[PDB]
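Peer 1: Here are the chains, one letter per residue:
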Amino acid sequence: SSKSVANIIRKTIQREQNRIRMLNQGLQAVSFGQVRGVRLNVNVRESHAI
Amino acid sequence: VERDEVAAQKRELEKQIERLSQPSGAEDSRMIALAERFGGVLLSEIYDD
Amino acid sequence: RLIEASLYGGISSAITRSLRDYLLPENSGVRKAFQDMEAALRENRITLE
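As you go down the protein sequences, you meet chains A, B and C in turn.
In the UniProt record's numbering, each residue carries its 1-based index in the first sequence increased by 1235.
In the UniProt record's numbering, each residue carries its 1-based index in the second sequence increased by 643.
In the UniProt record's numbering, each residue carries its 1-based index in the third sequence increased by 198.
None of these hints come from the bench; they were simulated from the model.
By construction, the Cβ of each residue, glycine as well, lies at the ideal position given by its N, Cα and C atoms.
Not one of these hints is a red herring.
Taking CB as the label site, the calculated pair distances span:
1) B:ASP692 with C:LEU205: 29 to 39 Å
2) C:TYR206 with B:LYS653: 51 to 61 Å
3) C:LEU205 with B:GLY683: 46 to 56 Å
4) A:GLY1261 with C:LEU246: 51 to 61 Å
5) A:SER1236 with C:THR214: 32 to 42 Å
6) C:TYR220 with B:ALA650: 43 to 53 Å
7) A:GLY1268 with C:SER204: 11 to 21 Å
If we take Cβ atoms under 7 Å as the criterion, some of the chain B residues that face chain C in the derived model are:
8) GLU661
9) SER664
10) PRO666
Take a look, some chain B residues computed to stay more than 10 Å from chain C by CB distance:
11) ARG646
12) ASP647
13) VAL649
14) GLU655
15) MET674
16) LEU686
Please put together the full structure from these sequences, using the hints given.
Peer 2: This is the structure:
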């Protein structure tokens, strides 16, 4: 019930954010014309954060 | 008698299935709360992958 | 979609639309606990109908 569900959801979210952050680093400093880097921006929706 | 015996098998099957369910199938009745009441993590969950 | 988008080149429209569907794996742990806990009610409701 309650808190434990929130904790498993939070840990899953945290793990996904971290893995994305690791993938994200391999793409730093890639030169394509005037583009110099690429990222996958991950964010949490407010209506679900509250 | 046949009806009741098959019922016993079905009950055993559901209980067996249920043990493997969640969250990382274990003795979930108390273990999840026991996992958070200390600053720890369930070992079976560490070996999920 | 992946292969042909690579073949022709460019920022694929379809990949861009469904980005979460491509980049995130689906996790069962959060769900199956509640499907099993929910089971008794589901069967009862269906029986009543």
